[PDB]
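Given as structure tokens, the chain that follows is alone and in the form solved without the named molecule.
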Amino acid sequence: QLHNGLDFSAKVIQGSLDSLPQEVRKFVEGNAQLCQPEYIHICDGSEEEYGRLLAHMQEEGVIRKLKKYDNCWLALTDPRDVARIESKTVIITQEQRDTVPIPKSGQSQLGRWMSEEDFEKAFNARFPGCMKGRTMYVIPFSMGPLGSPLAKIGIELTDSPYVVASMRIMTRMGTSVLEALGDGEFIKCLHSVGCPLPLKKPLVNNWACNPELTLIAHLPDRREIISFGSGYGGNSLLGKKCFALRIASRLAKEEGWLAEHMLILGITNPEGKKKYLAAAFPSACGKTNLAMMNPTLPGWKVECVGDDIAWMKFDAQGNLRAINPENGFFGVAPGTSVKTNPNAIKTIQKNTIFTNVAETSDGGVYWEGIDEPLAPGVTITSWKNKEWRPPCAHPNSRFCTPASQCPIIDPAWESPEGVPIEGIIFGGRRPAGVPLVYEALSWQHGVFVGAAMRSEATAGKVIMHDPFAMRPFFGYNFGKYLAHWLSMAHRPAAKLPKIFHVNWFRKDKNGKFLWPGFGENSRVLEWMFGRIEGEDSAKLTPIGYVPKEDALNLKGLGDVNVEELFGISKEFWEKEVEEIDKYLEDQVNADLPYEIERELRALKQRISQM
């Protein structure tokens, strides 16, 4: 070198550039050159590092300690920066069609592509000098149990201590990961809040962000994730959606596995027999509630493996093995109660970071639907830091908690070979037409059932399509994703799990729920379990198998109207098939696989014979 080269050794405040794997050092030093951080901190993952970082954020006004609990914290954000922004989330590939199908008549709802050239301009308009005056933290992290053959490693560079703390909870991170990685391949994750010092614009609520320039980008062919201007959740904790669904789904396709928006639970019947099930419901639905269910049926146990993302690969015996690539739960707070989710309420009482919830005057947390009366003189500060009376919490407010703290965490939740999935459940909120539960007729049918998923949006009401619960998350062309799932039927040895669809939301003509739900949903899981064992507990219908009369355990429920709850109307299903047809034709178009068109035609045909 003729001067100091591009050596940032002088600016390292923890760790050593010399001890990094060569390619990790290149990634760090290149981005230090580009972003111009004041310091580089190579994270170790230690409790001391974590404790110190939290104390520091506290000193800078960035988080508040919640004094009601053991080591819990609260962040309140700039209200411009509160959620994933789909319209600023993009995937870059040489060809648009590889990322999203070319729709027939409308705009695609299945992803957003950006050209390499357009992304380069965007990147150049954002990242140069963006970390000036700030520490660049280097977060080495594993998605999956450390050293599992199903795990994948990333390195996230960030200028946000809040991301570092949250990534500690949500991933495995620190020195052990760098040691596991060695000279292997990793996903390159670059994040900045986009507020270099000295600040050009007002800092709101001690929450650095750059809303106008917010851009969450994915470069699967480069194995890169590049995210600018949001400090929040799925935009900044790059392991979760960006890596573990978007990038990972593309890797899965290359490699023969599946990366999916599914909870994983273990269910044990009164005789001690255990199965694992995976379930995909829209983000707005109760995946966490199901994954941590407290079953009402005596002798049944539910244990949680994960509440969000599943990586699944057929092993050499044909079993579908699943891991939770996450290390925590990043759960939507509102609606979490002792009634809807007692085990979640337990988990979050220790060592948890909350974002955009309300705070009680006794240093506790609160939100819509917490269903917990407040003591005599206890008042509320809203998530906007103002006094509040009976929203107090933002609808996308969150808890971020260690998975190991769940009182019903599955004993195998970190087993490196994964847990054997025997059923895959799809579901959506449908106030009419759709039965409580049905079973797919075949693998191909089951893939169609995934494809056809629809759900009532939270509020007049709209019923939206959300195939496989993956609509915001596909890493590549959804047609090709469907072909990938279909291909599993031709894999030698593969034991294809049974596929089900559920709906907890069916209403009578007065708008009253026909099914009580919550822990009563264990009655549906019981039926599934028996069907997997080969029990003759099903009746054939045009849409699939439903429970026979008297097959569902209704003991304890009184008079459940199973007649209406399992009613199938020709008129409803005629309309439903037409809406699914028009949707797949438009959105998937030339990339719709033959077998999915065949399943659509077959369902139309069975409905025609009613």
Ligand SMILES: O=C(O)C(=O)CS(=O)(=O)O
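Only the largest set of C-alpha atoms that superpose within 1.5 Å between the two forms is called the rigid core. Residue numbers count along the first chain shown, from 1. Compared with the form solved in complex with the named molecule:
- Comparing the two forms between the two forms on the rigid core, the single residue of 121, 509, 273, 490 with a CA shift of 2 Å or greater is 509.
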Second form
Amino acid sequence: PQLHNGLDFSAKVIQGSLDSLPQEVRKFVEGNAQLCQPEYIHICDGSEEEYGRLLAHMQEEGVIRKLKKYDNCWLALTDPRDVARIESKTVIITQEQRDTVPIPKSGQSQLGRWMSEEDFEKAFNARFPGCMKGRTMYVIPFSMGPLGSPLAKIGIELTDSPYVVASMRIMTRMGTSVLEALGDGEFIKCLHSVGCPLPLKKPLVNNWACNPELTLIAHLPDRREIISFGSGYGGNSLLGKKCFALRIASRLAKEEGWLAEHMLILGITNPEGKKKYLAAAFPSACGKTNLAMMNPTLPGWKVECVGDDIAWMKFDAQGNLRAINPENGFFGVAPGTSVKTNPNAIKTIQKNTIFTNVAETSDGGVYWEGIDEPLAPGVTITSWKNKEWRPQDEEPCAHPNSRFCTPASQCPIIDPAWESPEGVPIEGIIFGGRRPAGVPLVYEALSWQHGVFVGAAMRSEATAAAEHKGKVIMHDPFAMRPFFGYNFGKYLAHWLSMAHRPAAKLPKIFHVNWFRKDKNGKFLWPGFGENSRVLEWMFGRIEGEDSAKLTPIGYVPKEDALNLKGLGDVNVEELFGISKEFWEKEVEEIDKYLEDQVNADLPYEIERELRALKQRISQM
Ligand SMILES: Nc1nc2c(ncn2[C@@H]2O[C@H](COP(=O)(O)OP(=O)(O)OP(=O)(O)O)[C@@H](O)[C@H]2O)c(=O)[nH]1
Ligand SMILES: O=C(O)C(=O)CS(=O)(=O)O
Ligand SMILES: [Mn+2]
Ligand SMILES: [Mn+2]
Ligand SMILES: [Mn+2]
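The form solved without the named molecule done, now the form solved in complex with the named molecule:
Starting with the chain above, the whole complex follows.
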């Protein structure tokens, strides 16, 4: 009801009907419509006709270009200030601070950024009132996970960016059918705005609308709401990926008893016809997508991909830890992808793929550093800054965090159970990061408690994913440091509690390091497809083969236990060298980190493993 006509937005709907929306869905749409004041309201249906109209619209607006060399591939160049996640401006709103982060013993919490409701209300009222003036508010109904899976969650994202809508059609399952499955059930509320209401006060760079000064990515897990403003790039705008499927999902997983982790899922088959599934948690820009799509160099071995970034795991009635990929596509880093490193990715991104901030060749193709592919004579390269680029310049032709957005079903080695609603049984979990020194190539945990300690003690040199710089070894426990949704001490206690469940079939826990260098700064391990030799040893350990050797840090492969045939130049002494001087300093850094960041919320079982490791190292 109303006294005038200022609340009924039915006259602004250009596709769909507010009358056909569920009541709680319509309240969420009309409520924010009155606040953001959009010129139009577009209810997405996920059809090919709608996807084609948005591509044509963005091309006419100068947002995206058509890559004429491939089949339905598009290039988008963004503002140089809006190129990655902004971890510093990502906050979690809870009534009590201890719900979000463990109260630090002295320093500042590196495990999350908390903000009170009172402070966020002021930051919200200074950004969103009238932010969509003259723009179209798109309503995106999407489902994370197979539409029908028990662990499937439905979300509604409001946004004023057609680039977000197009990307969400690739990365999630979006359409009219998601609204039918929702009904009057619960959904996650997602609100996004680029923060450029018309008329524009500031001219846009590369026709990319963004507001870097007022960028804010807020999470309210008690309200099931995600509110993002100012950014339209990747993890900031695609609210169903990092904000939903990791931060909010980890909170829900703790409440409901499952797991939401920053892990890939791959299935590997041996020449004897046995197939196992593995999960691996690597930090951002550390090799997850390359591992999940690996072309193995060992004959008779095959790798199939279930997912490359996010995993939702939960025990079943039989005690098996089952995992699903809640995503629908791949949002992977472009630089470094070549026919040598990731040939299965090259086959995937040749059609129906949206590229962001990669270089364009004059014949209509893509180009980036590490592509390992020469060009034809007369072919010129246009950098991501929309400028002419020659190999003589200092700057790279593609941004380090440039991405491709391709459907998962196009991957030639996609696992036939990647859309199965029951999930795949995980028999192994892999941790690791970028360590240039000290950490051996691979080792195996001694128990479930030691394995949880291994994940909590993860460290890796700073990459180019967030906004950190410099060669600095930083802590990244479970590769979840920028994505924790609640107290990290309670996160560890949730992982340790898995060993208390009846009939539980706990997987083995391994730690790898593809990035160990020698004294020359050269990589000691070739990596990429050669990592199948490391996965071969894991496969045998899960079966129970006697190919392990006990060390002060865990189980390492025996002498002549790794298939190193063909790589006769590998320095096995330096690949598995365990220096006591290095590990005395390493445990000191882990002790100082866990004591300050977790403090009174640290489970005793984690402190016991820290004591045990330091004792075994002292006896060396
Ligand atoms: N030396 C070495 N480098 C690798 C290996 N695998 C991947 N890399 C490099 O590490 C970078 C990380 O690539 P990704 O697999 O996309 O990183 P990611 O873990 O998926 O990170 P996100 O996509 O942000 O979640 C790539 O650009 C590769 O160049 C490897 O086995 N050995
Ligand atoms: O940061 C990561 O690990 C990503 O996968 C990229 S984004 O989706 O967070 O932009
Ligand atoms: Mn126009
Ligand atoms: Mn990731
Ligand atoms: Mn990836």
